[PDB]
Amino acid sequence: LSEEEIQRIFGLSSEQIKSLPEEXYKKXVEXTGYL
Amino acid sequence: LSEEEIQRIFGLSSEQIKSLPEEXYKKXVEXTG
Ligand SMILES: [Cl-]
Ligand SMILES: [Mg+2]
Ligand SMILES: [Mg+2]
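Protein chains in written order, with PDB author numbering: chain A, 1 to 35; chain D, 1 to 33.
Note that these hints are calculated values from the structure, not bench results.
Accuracy of the hints is not assured; some may be wrong.
Straight-line C-alpha distance at most 30 Å; calculated DSS-like pairs for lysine-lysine [as the list claims (entries may be wrong)]: (1) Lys18(A) <-> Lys26(D); (2) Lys26(A) <-> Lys26(D); (3) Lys27(D) <-> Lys18(A).
Cβ-to-Cβ under 7 Å is the rule here; a few derived chain D residues that face chain A [what the hints assert, rightly or not]: (4) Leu20; (5) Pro21; (6) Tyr25; (7) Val29.
Note that beta-carbon positions come from the ideal geometry of N, C-alpha and C, so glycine has one too.
The shape of chain A in the complex, shown without the other chains:
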């Protein structure tokens, strides 16, 4: 799984891809339906 694939799959912005594990976790939370 590449960084580019993650960006596309989770719709990440240019700023969000600077913090992939954290902005993984957040788009994880929105996965579980809590946000």
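Following the hints, complete the assembly by docking chain D with the ligands onto the known chain A.
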């Protein structure tokens, strides 16, 4: 994506899917370490 699709995409173990955001972050880190 469903939680099951996340398990498939990331290859998450039985235990790991119980903590999806955190075990999300860790398989995030493993991009390159
Ligand atoms: Cl599925
Ligand atoms: Mg970081
Ligand atoms: Mg569950």
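Okay, the hints, checked on the actual structure:
1. Of the supplied pair hints, the one linking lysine 18(A) and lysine 26(D) holds, its CA atoms being roughly 15 Å apart against a limit of 30 Å.
2. A threshold of 30 Å between alpha carbons decides the hint, and for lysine 26(A) with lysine 26(D) the separation of about 12 Å falls inside it, so the pair holds.
3. Between the alpha carbons of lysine 27(D) and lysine 18(A) the distance comes to roughly 16 Å, so the proposed pair stays at or under 30 Å and holds.
4. Annotation: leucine 20(D) was flagged as interfacial toward chain A, and the flag holds, the nearest CB pair being 4 Å apart, inside 7 Å.
5. Because the beta carbon of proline 21(D) sits about 2 Å from the nearest beta carbon in chain A, less than 7 Å, this interface hint is met.
6. Hint status for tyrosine 25(D) relative to chain A: holds, with the closest Cβ pair at about 4 Å, below 7 Å.
7. Because the smallest distance between the Cβ of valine 29(D) and any Cβ of chain A comes to about 5 Å, under 7 Å, the interface hint for this residue holds.
Going down the numbered hints, you'll see the structure goes against none, and every one checks out.
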